[PDB]
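*Asks:* Here is what each chain is made of, one letter per residue.
Number of protein chains: 2
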Amino acid sequence: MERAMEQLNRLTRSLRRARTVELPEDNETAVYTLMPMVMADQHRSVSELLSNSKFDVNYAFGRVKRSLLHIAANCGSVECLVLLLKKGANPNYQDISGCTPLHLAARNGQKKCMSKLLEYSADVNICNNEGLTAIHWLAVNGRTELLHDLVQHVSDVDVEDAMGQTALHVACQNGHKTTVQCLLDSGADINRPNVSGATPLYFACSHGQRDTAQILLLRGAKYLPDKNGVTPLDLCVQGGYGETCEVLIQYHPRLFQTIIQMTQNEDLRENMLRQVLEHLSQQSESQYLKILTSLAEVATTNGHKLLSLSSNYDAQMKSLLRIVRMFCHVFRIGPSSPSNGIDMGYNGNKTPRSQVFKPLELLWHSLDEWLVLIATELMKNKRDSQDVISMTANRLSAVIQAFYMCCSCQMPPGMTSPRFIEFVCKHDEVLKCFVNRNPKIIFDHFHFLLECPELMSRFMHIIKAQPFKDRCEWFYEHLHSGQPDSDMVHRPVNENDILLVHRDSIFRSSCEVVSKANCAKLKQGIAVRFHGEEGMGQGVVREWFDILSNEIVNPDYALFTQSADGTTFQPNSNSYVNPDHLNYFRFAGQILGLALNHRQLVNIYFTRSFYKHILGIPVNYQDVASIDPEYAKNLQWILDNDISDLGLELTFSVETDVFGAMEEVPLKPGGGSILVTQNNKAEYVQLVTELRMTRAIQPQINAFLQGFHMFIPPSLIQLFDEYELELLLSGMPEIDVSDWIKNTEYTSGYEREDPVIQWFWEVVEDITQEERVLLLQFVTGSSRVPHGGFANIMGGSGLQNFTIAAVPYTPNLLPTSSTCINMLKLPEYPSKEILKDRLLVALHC
Amino acid sequence: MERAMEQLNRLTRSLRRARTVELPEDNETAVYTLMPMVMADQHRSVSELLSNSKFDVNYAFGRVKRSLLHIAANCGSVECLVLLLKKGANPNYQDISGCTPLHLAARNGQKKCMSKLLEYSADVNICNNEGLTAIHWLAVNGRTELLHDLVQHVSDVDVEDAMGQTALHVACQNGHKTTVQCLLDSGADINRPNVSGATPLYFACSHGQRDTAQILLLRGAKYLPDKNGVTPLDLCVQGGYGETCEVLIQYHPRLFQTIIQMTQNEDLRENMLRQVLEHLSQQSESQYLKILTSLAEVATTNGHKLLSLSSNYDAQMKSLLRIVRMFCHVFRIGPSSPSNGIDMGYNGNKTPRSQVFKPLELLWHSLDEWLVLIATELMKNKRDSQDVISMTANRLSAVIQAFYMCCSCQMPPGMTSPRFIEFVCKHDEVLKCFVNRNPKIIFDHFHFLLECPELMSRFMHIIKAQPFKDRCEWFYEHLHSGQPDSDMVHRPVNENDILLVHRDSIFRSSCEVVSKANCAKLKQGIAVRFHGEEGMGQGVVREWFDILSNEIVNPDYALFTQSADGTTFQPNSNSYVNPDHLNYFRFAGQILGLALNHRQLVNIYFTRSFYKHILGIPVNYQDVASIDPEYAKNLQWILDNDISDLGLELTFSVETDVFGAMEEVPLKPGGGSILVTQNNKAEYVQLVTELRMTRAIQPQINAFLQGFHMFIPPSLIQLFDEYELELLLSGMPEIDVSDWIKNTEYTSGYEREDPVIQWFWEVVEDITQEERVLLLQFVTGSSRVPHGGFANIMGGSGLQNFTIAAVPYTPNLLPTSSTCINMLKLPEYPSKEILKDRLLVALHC
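Same order as they appear, the protein sequences are chains A and B. As numbered in PDB author numbering, residues 1 to 385, 442 to 901 make up the first sequence, in order. As numbered in PDB author numbering, residues 1 to 385, 442 to 901 make up the second sequence, in order.
Just so you know, these hints were derived from the structure itself, not from any lab. Backbone N, C-alpha and C fix where the C-beta goes; we use that ideal spot for every residue, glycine too. Check the hints yourself; a few may be wrong.
If you want the footprint, here are the derived chain B segments under chain A, 3+ residues with CB under 8 Å [claimed, not checked]:
#1 15-28
#2 41-47
#3 613-624
#4 711-717
Based on the sequences and whatever the hints tell you, model everything.
*Replies:* Right, dumping it as structure tokens:
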């Protein structure tokens with residue numbers, strides 16, 4: 001009969017909202033309704049008509065093949081969970097990844113399921129095929145409360161992955177508290193060696209969990225190395241964190257010495273040691289002393305042992321520096337307080353210096369014990385001057457580097473001790489005797505001993521004591537290195553190495569651009585752009601300079617002029633008319649400052665005065681000649697004469713006919729109140745020159761350098777000679793001896809028939825280009841022959857090719873090059889060997 | 001004798017600082033010392049020993065060949081300037097560019113030089129070979145003071161470039177005051193026709209110099225067109241500035257009408273007219289009226305003249321809109337005050353409406369005079385229904457577009473007048489009769505008449521009145537256009553169309569990404585990136601979606617489930633457990649929202665309910681069947697029966713067994729206090745359904761759409777049918793009739809021997825793909841056959857290939873597809889033509 005509808009007649013009336021019929025005859029259908037309702041947490045609904053059914057739970061679903069009993073892990077359906085277990089189940093199934101509802105409850109954080117599951121039970125000691133246990137699952141997650149609420153059910157703390165890790169091994173690898181105390185309360189093993197022999201502790205010293213480690217050593221946790229032999233402590237280094245060591249050392253003060261041993265080694269990136277020592281140094285004064293004290297002893301030891309001659313030059317030496325460099329750095333931060341860094345409040349100290357520095361004093365005394373002998377040895381070796445000398449020199453070279461390092465920190469910034477100088481006072485001989493052997497060297501050991509101008513304030517001395525001929529291939533080092541100082545050999549990078557130029561007004565526009573940027577972004581071969589247009593990288597860069605190669609010397613802002621030669625330039629004294637000029641002078645040197653760093657020439661060259669004022673020299677007498685010959689020619693006549701002869705005196709105040717005013721102005725205060733002494737003849741005119749400069753040069757020159765020194769520091773340049781200097785502004789010349797032969801002019805009734813000229817050419821045609829280029833400028837001032845060759849020489853005004861001038865000028869005297877006359881004046885030597893020998897004496901100087 | 005040194009013996013003593021000897025015997029030397037000293041402004045120094053010399057000034061220098069007399073232009077060396085002119089000179093030389101020291105003094109701003117030069121004189125009427133005169137040089141620079149101080153020397157104001165420009169022509173082309181008044185005071189010509197006939201005034205109307213123009217028309221400056229015939233006034237338009245016109249019209253009120261004539265034209269970018277009219281409208285109320293009034297008359301005229309049938313469809317129509325569109329825009333800014341914009345303070349007005357709108361009223365009355373007849377014509381044409445009809449329709453179509461434009465501005469935003477509706481009330485017949493002819497059209501004229509839902513709040517009406525068969529190639533328009541609404545056919549661009557994804561957590565990561573951006577940046581086929589890695593543009597984009605094609609339907613956050621069919625999805629009702637879900641639902645639609653805009657499928661498809669809740673439909677009865685058959689099967693049995701039969705009633709409060717509570721809850725307040733009426737049988741269960749939805753669907757659905765509508769507005773979609781909808785989510789299917797033939801299942805003791813099946817296939821194999829795809833889903837619900845073909849069908853649970861079912865089900869009735877049974881139930885038609893004809897009646901519906 002149709003009474004089968006009667007159950008539904010109840011369902012429709014009052015249960016159709018909640019439920020359907022449990023007679024679809026497919027277990028897959030049952031999940032298609034229950035799978036929500038399980039997750040609905042419909043506690044008893046699941047049972048209501050399920051009271052009739054023929055579908056057991058051991059059948060599962062999904063590609064996982066997972067039962068709803070697993071699913072109940074998710075939403076906390078504890079009542080349905082029980083309802084399932086009234087039906088029965090084997091919860092720790094062979095799930096696809098070795099999982100189980102228990103693990104999944106933990107992941108879902110349903111407490112009561114874990115409880116009610118474990119009011120029943122199924123073995124937890126099981127694992128995933130991926131490795132983990134229930135307990136390990138919780139340890140990484142650090143799921144404390146359930147995990148403490150879990151231990152009551154379970155027997156063993158020997159639980160392990162098949163790999164062997166315990167929960168204990170996890171919680172410090174991850175970093176966590178509570179997992180400790182429970183298992184400590186449970187009585188687990190503290191050393192519990194891994195398969196590799198590692199320990200729970202061994203993790204933490206990789207980690208930085210200072211506080212647990214404070215508990216464990218309190219708890220009595222043992223210290224010991226790996227099965228391989230390494231220590232825990234080598235790791236807390238590479239973790240960089242030092243309070244964890246500070247915690248460690250409260251439990252083991254013994255090991256403080258070990259760090260002094262860990263630094264002798266060389267396996268490390270040294271910087272990490274600084275992190276540690278930086279911190280600890282700021283953890284006591286009494287520490288801070290004993291630290292430095294101990295270091296010096298090591299330094300002192302290795303110092304002696306570098307002089308233990310068998311020591312390799314590599315081993316001891318590198319060990320040394322790594323102690324010293326920090327030692328220098330530590331003193332910068334400086335005398336610590338207990339538990340704290342540098343002693344605040346009181347700027348002095350408790351007289352540490354002897355206690356800390358005594359081990360040095362023996363080494364330096366020991367150094368002195370060698371060096372003082374050594375001066376005797378090489379100096380006494382008078383008739384006769442492998443090289444143990446050069447060997448031992450190198451060993452000491454490291455030490456010589458120390459003597460700046462040890463010394464250059466207990467002084468304000470930049471300033472040196474005269475104690476350094478006193479060292480030089482005794483050993484000056486030997487010091488020359490090294491560079492006598494080692495031209496190759498300065499930028500390695502000595503690199504900074506030069507660098508100080510306050511030492512070069514004397515040690516200009518040795519810079520000259522090494523003469524010119526050695527400087528050539530190291531004049532080249534500044535080219536085929538970067539500048540061999542490492543900040544200049546090296547080029548940085550930045551995310552925006554780009555500048556945008558406005559094309560029609562590059563002279564003022566670039567001033568608006570480059571002023572709007574900072575040095576470090578610009579200390580690089582940066583690419584350049586137009587304003588709103590690309591420029592093909594290097595292309596616009598070529599355009600940008602070589603346009604500025606015009607704009608700079610164009611009278612675009614009333615800025616420069618040509619000197620008396622023509623074919624060159626010198627700044628206009630009158631550029632103070634328009635006050636922005638200094639912004640252009642600062643700008644000017646910056647632009648050139650790039651030109652040399654990245655080493656493409658400029659299509660400009662300048663007179664001699666300008667290079668000289670840059671490079672820092674007091675300009676000599678004869679440079680005057682390019683200003684006006686009628687001035688200089690007659691001053692030369694004065695250099696023969698004295699006050700006794702000429703029957704005239706200089707009024708030491710003269711009409712400073714400048715700025716539309718014959719400004720009566722003295723030579724000098726005090727200088728205005730004297731008459732000419734015979735000694736003064738060149739000396740005031742030097743001052744007239746400098747005072748011919750000061751009116752426009754002095755402010756403007758400084759403005760120019762301060763823009764210039766951005767891109768090269770002033771002191772790298774001290775090698776260079778001003779004559780050679782332009783070669784990086786212009787490249788080497790094509791030495792055009794061929795076209796030179798073509799247009800040699802001759803005077804004094806004079807043509808190549810003269811054997812003097814035959815003897816002349818015979819010397820010329822064996823001369824190095826390193827001297828031919830000098831002679832070219834020595835007599836022209838300017839350098840470059842035009843594009844076609846030496847025939848293109850125009851003399852500025854009238855095509856005066858170069859002239860060779862021999863005259864009855866005394867053989868007892870040296871030449872003078874009538875420069876803008878494009879001429880060199882020479883004495884007629886009597887004979888060949890006299891010419892061939894003494895013409896060299898004439899020309900080299 | 002050596003007494004020649006005596007002059008220098010004075011020089012050294014007291015003049016060597018200031019001077020040298022003037023005997024170098026080269027005039028080029030003299031410049032090499034003086035060229036500074038000239039610029040030094042050494043007033044008298046230049047003369048001192050120059051008193052003896054043999055070098056005249058007419059010799060010059062540089063590639064310019066320029067004298068120091070020119071150079072004195074620079075620094076104001078008036079005394080030296082005179083000193084030169086004591087020596088004599090011809091200052092207006094044939095300089096290289098036709099220049100002269102006078103021009104150069106002006107450029108350098110040295111007043112006295114200009115004075116002292118012109119205490120002497122040389123003809124200023126000369127010019128540059130580049131074109132300019134002295135006076136023109138000053139005009140552009142606007143160098144007033146010297147220029148006023150200049151006129152006293154000079155005779156003519158007829159001065160001109162050889163091109164013919166006067167100073168007067170310059171100063172307004174550039175914009176400047178003072179040059180006017182001086183020459184006005186001088187008595188220059190105000191019209192002064194150029195070679196092209198242009199005038200000084202003619203420049204200003206290109207320029208915007210309102211104030212001079214205020215002076216000139218005050219001064220009596222004449223108005224007149226070009227030699228070509230164009231006006232000044234056409235330029236002040238394209239300069240966009242209107243007060244200059246406002247200045248103009250104070251002097252010429254007559255021309256106010258001309259702008260009404262300038263807008264009829266079509267040479268212009270219309271926007272500039274808005275700039276003008278925007279301003280002027282805000283320059284009086286009485287203006288503001290007369291403006292709109294005049295416009296309507298033009299509109300009214302052109303309106304009639306569009307109905308002057310000879311008018312081309314292009315000309316009058318475009319003229320119209322350009323009046324109306326502004327007219328609409330003007331009212332937005334709205335009723336102006338005198339001299340000012342919109343009347344502040346009082347939100348009403350002075351009753352403008354009839355005065356402004358009357359010209360419309362005739363046109364619309366005139367429109368009504370046509371349309372009311374026109375309904376008669378086409379409707380009375382009853383036996384018999442080129443096409444002047446379609447022609448005149450198009451003409452009116454423009455007008456029909458007006459009727460929204462004229463109407464949709466005196467109302468708050470979005471809302472319409474029922475006056476519009478009243479128009480439809482009379483003309484509904486004709487309105488259908490157009491689209492009856494014009495399927496092709498809506499997005500051109502009507503585009504917005506649809507767009508209003510408040511009009512579609514009725515005009516849903518005509519959207520259905522046009523039936524399905526027309527929608528196919530315009531269902532395709534949304535594909536082979538963008539969406540044919542222009543904002544969607546068009547894609548914007550931005551400088552950063554880039555998003556950065558984090559690869560291992562794309563589901564939550566992308567939520568962190570896309571929430572961190574704004575719509576307009578994202579309304580584009582934007583490229584995508586990984587976090588710290590590139591992704592090959594389209595590649596990661598494919599990866600990003602097609603990973604999300606998994607992540608979305610993965611139970612990754614407890615979000616979706618599979619529906620009863622399997623092989624599809626529906627949202628989990630239980631996703632309210634974890635409150636961020638709405639952020640994912642909003643997120644969800646956004647992600648899909650891109651998928652359709654840029655038209656690559658998703659590797660997902662959904663059930664029918666989900667599409668229906670999206671698209672805005674009230675879900676029908678039979679969609680229920682995918683939820684539970686045991687529910688739906690028995691409700692079907694109820695649809696045969698009524699309260700009279702079944703002997704049962706629904707308790708209108710039932711156990712809402714949800715959230716672990718048999719929540720006794722009514723059907724509805726008021727619904728809970730009734731018993732079943734026979735009419736109610738489907739009606740409450742609809743409400744049960746919607747209330748089976750509301751518990752989870754209602755909040756979540758809205759969250760999903762609000763993320764979705766970002767990338768398509770809701771109303772573009774109103775064309776679509778939900779069945780066809782998925783094709784843009786999945787692409788068209790490979791219609792696999794071949795493999796379909798291979799695995800056709802058969803039941804009711806039934807195999808292809810039956811002629812019914814022969815008659816079946818005979819109909820099937822002529823069916824369009826546009827209907828075959830429907831039938832596939834009509835009986836499967838799901839769409840896609842797996843990769844290998846129709847043989848891969850798995851039925852979800854048990855490989856139930858599709859089944860064809862014919863039964864003694866009455867021929868008087870239509871099919872029902874037992875869908876997840878993969879079956880279609882059909883009546884056995886008695887004969888072939890009955891099958892061939894009436895099976896169509898069965899299947900199309």
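*Asks:* Could you tell me which of the hints above the structure violates, numbers in ascending order?
*Replies:* none
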